[PDB]
Amino acid sequence: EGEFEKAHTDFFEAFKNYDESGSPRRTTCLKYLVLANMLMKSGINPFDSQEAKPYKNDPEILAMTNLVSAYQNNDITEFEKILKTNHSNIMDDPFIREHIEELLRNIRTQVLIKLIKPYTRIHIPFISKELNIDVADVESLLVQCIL
Amino acid sequence: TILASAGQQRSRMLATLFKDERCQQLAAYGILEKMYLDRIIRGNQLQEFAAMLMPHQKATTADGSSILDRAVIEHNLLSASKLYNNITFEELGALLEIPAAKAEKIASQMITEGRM
Amino acid sequence: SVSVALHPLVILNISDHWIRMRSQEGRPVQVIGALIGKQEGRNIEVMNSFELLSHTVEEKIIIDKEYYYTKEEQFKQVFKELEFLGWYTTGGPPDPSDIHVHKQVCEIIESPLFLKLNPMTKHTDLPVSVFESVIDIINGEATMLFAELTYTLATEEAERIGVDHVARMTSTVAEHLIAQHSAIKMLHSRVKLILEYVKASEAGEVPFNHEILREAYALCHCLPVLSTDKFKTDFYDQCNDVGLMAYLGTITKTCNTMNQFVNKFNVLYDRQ
Amino acid sequence: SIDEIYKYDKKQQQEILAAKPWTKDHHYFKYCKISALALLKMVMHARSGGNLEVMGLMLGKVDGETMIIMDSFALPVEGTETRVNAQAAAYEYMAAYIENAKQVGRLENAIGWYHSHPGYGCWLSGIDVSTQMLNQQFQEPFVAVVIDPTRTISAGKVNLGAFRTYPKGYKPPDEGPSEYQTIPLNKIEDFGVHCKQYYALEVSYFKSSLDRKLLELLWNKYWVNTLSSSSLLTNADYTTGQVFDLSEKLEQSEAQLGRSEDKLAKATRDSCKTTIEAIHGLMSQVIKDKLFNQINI
Amino acid sequence: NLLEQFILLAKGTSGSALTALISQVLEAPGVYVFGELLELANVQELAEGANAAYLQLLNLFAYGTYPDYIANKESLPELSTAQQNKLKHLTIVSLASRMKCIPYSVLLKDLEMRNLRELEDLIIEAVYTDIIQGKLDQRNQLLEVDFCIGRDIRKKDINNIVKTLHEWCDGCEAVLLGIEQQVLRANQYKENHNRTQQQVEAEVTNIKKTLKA
Ligand SMILES: [Zn+2]
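Protein chains in written order, with my numbering: chain P, 1 to 147; chain R, 1 to 116; chain F, 1 to 272; chain X, 1 to 297; chain A, 1 to 213.
Do not rely on the hints blindly, as some may be mistaken.
[To be verified] As a list, the in silico BS3-like pairs of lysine-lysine whose alpha-carbon atoms are at most 25 angstroms apart: (1) P:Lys114 to R:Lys105; (2) F:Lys192 to A:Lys156; (3) F:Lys192 to X:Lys10; (4) F:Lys264 to A:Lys209; (5) X:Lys157 to A:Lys190; (6) A:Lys212 to F:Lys264; (7) F:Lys38 to R:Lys19; (8) R:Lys19 to F:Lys103; (9) X:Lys33 to X:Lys10; (10) F:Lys192 to A:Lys155; (11) X:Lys221 to F:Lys122; (12) A:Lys135 to F:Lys230.
Quick caveat, the hints were computed from the structure, so don't treat them as lab data.
Let the hints inform the model, and build the full structure from the sequences given.
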């Protein structure tokens, strides 16, 4: 089942508890620690806050480290570019199936909220260009946001 | 002063230079007068000022986007807000000498944060 | 250059300062102060003022900087958005002593205003004059001179009401109509004088001045004041809103009279 | 001889303070003279305070049975009308400002305190009454000044009041004229309980000889601001709160009618005042239209 | 101060030099009123001679508008670059003197312009000279004028000034009379109402007193 708040809270503890004991799970733990701090749209960049400094960057997974940066900058282009280029390596994972649509829907919401600030009457096909979505998707997103 | 960054600090220096009279014989007075009094700087005046500039003063961050060229556009748009009650995109772009889409984008950027 | 919007509170402060200093010494003296207000671009608005302590050594007078810093620290607590603008004094035309003191003031603020109030004047206009410092190079040295500025009295309903009450010193509609009967009487006695001058120039009594007769033409052309179509919809909106409010007020008063009469009636003609 | 009041006699003030006439009769102080500058400064500060309550201290002296006030300086305190003895929160400021003033010819001592009552009349509430009792106990002589800036703008007249409280345990004799004042419902109780413990002084204003000259010369460019100002657009939010309060007063009036003494007359008195102010706001605009928008060809 | 400088420079000049000074005055920026130059005897003396064209030009620049340089174009001398712009600015001032909301069509017709951009640029550069002050509305195609300078006057227009100032004086007097009448009526109403109330109270008191029998 997808409900993982219990593990979401426990991720911060397990970052240190099983660091030198859960060696087989260390490779997957460092990828998942980002998600827990990523879901609340807060926590700056976990790249260097805690003791994860020895790990820092890893050569095969680099866009994964910049994913949180793109999320913080609310730049849809960086997110889509990272997803298309590094596919099968950021997405490969299972636990990302349940959270990729959640992630790539709270960027579009903030982008759309900022976009409509100076306008009083806007064109839906114009919003369909900034957000890489069709008209039928932006209309549904607008309905959900307005509700 | 003209090349400096926007703010009230630079505004005080602009006022001080404007109060001087020895500045009337300089070649850049025609642009200081429009910069301090919130007027519209046309293309030719900016071209003359850039031609008379020194290479090291002509900063051009990132893709060209010369910083002076962006500041002059943002000043012309701010100054046109006192003469017009409502302006079309196709004629706000022809007043700032930019494409209409660029005019709309700059206007939205300035309206959003705090500048208009 | 800049535009100055003076406040009558500053003038009252200066007058009270001078009267206090004269009454405590038996001889008029020259007083020094400081002005605080708000500046937005090229629109300076002088709002309040306070006193400053000055020491006169030999033949030169200086302003104690530590006292001014103490007063700035004190007043920043109360008024947060107000900032230092310049200084004021009492006297006639600007003097070398004033231009010497202006240098010390300018050492604190880049462009300080100068205000001079003449307590013993002989004209029929307000003796307040505003100057700003303009520096110049001449004869091989730098001389700093004073350029006069034009000021306008600022607007505020509370300040206007207080000023009117202070100036005057002694039915509710017969006391509101008099406050509007003393301002129209001042506009009429000026339009009449302008008309008399124009007729005198026509028939021939004073030299033909072109400038005055052009400004009079512009003044005549300025009427009516904003007779656009959108005006006579907001004006009527306001009139109808006040009319409805008055209608409800009369309905309430009639209901009160209703209740009074019914109570007085169910005493005499009561058979239960 | 108008400026004679401006002279400060330290010896006479010391003698009067030492004598203390006021401790033998609780009804001693009857007059309150206020300078022009003090009134202007108080009104300006109260208006700048917005919809909150601002407080300050005012300087002066006593002469006979009259309380003379010459200057006032604002205090950097917030939250008045809810804390007893709020001025102590800036007591150090009291030391800093006054000690500065004595250097620049301001010799008069602290005489009273003032605060603003935006939109609900001039009187003393329970907290204000307690603060005035404390001040009279520890800082005699003293006087409390309450200002209403919103009603000053709305009614076109200065709304100010100077009050002094009665000592604890003293019974005030008669004195029940009770000139009517419109008090909001949410604060109607505080007026009722504390109404006999303080009495108001007779307020008058004075100005120096130079102030009169400057004020008569000032009424040459200041007549513009009279007939170029709109009163309807200024206090537009005041006569919506007033209408809400009136509509809520009519609730209690009708509830009593269905059965705290004759509330309908008081509700009618409030409605009449609000409507009179509204009509006064339109008469000036009609006059301005008759003067300026009717001179075409 | 420019016009008096030119007048002082033209104290004794006449003939070709005076015509050259007239042209320089018409071209000089900041000089938008020519009434003291017209009052000079030597300037008015140009009617008798071959230089009446320059006097006609000066009269046109003092009291005329740009359309008037549509029928006298053949007679008048050639107009320079800045002179046409100055005449267009004065035409804008003349239009704004009558109405305070000038439609774009009127400006396009009289100023002889074809584009909206050219017209708006001319209006903006006229505003920058501080001869008129206003705002441009483009949705409704209007120029809203808040202030404009007064152009030159003849000796036959002052009667109009007297006529339109008499109306203002009479209106102020009639407003004052009405205000005094309203004050009087209100005081009378208040006095009558309290006299009636006090009389009713006195009658009630008398009834109460006589009732003790
Ligand atoms: Zn209170």
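Here is how each hint holds up against the structure:
Simply put, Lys114 (chain P) and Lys105 (chain R) have alpha-carbon atoms about 13 angstroms apart, close enough for the 25 angstroms limit, and the pair holds. For the given pair, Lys192 (chain F) sits about 21 angstroms from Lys156 (chain A) by alpha-carbon distance, which is consistent with the 25 angstroms threshold. Restraint check for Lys192 (chain F) and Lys10 (chain X): not satisfied, since their Cα atoms lie roughly 54 angstroms apart, outside the 25 angstroms limit. Distance hint between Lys264 (chain F) and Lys209 (chain A) is fulfilled; the C-alpha atoms sit about 21 angstroms from each other, no more than 25 angstroms.
With a C-alpha separation of about 21 angstroms, the suggested pairing of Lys157 (chain X) with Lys190 (chain A) holds against the 25 angstroms cut-off. Under the criterion of a C-alpha separation no larger than 25 angstroms, the hint pairing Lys212 (chain A) with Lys264 (chain F) is consistent with the structure, at around 22 angstroms. In summary, the hint linking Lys38 (chain F) to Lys19 (chain R) is supported, as the alpha carbons are separated by about 20 angstroms, within the 25 angstroms threshold. The straight-line distance between the Cα atoms of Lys19 (chain R) and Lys103 (chain F) is roughly 17 angstroms, inside the 25 angstroms bound, and the hint therefore holds.
Taking the CA atoms of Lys33 (chain X) and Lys10 (chain X), the gap is about 19 angstroms. The hint holds against a cut of 25 angstroms. Between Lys192 (chain F) and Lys155 (chain A) the CA atoms are separated by roughly 21 angstroms; this keeps the pair inside 25 angstroms, and the hint holds. Taken as a hint, the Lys221 (chain X) and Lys122 (chain F) pair is honoured in the structure, with Cα atoms around 18 angstroms apart against an allowance of 25 angstroms. Between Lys135 (chain A) and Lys230 (chain F) the alpha-carbon distance is near 16 angstroms, which keeps this suggested pair within the 25 angstroms criterion.
Of the numbered hints given earlier, the model fails hint 3 alone.
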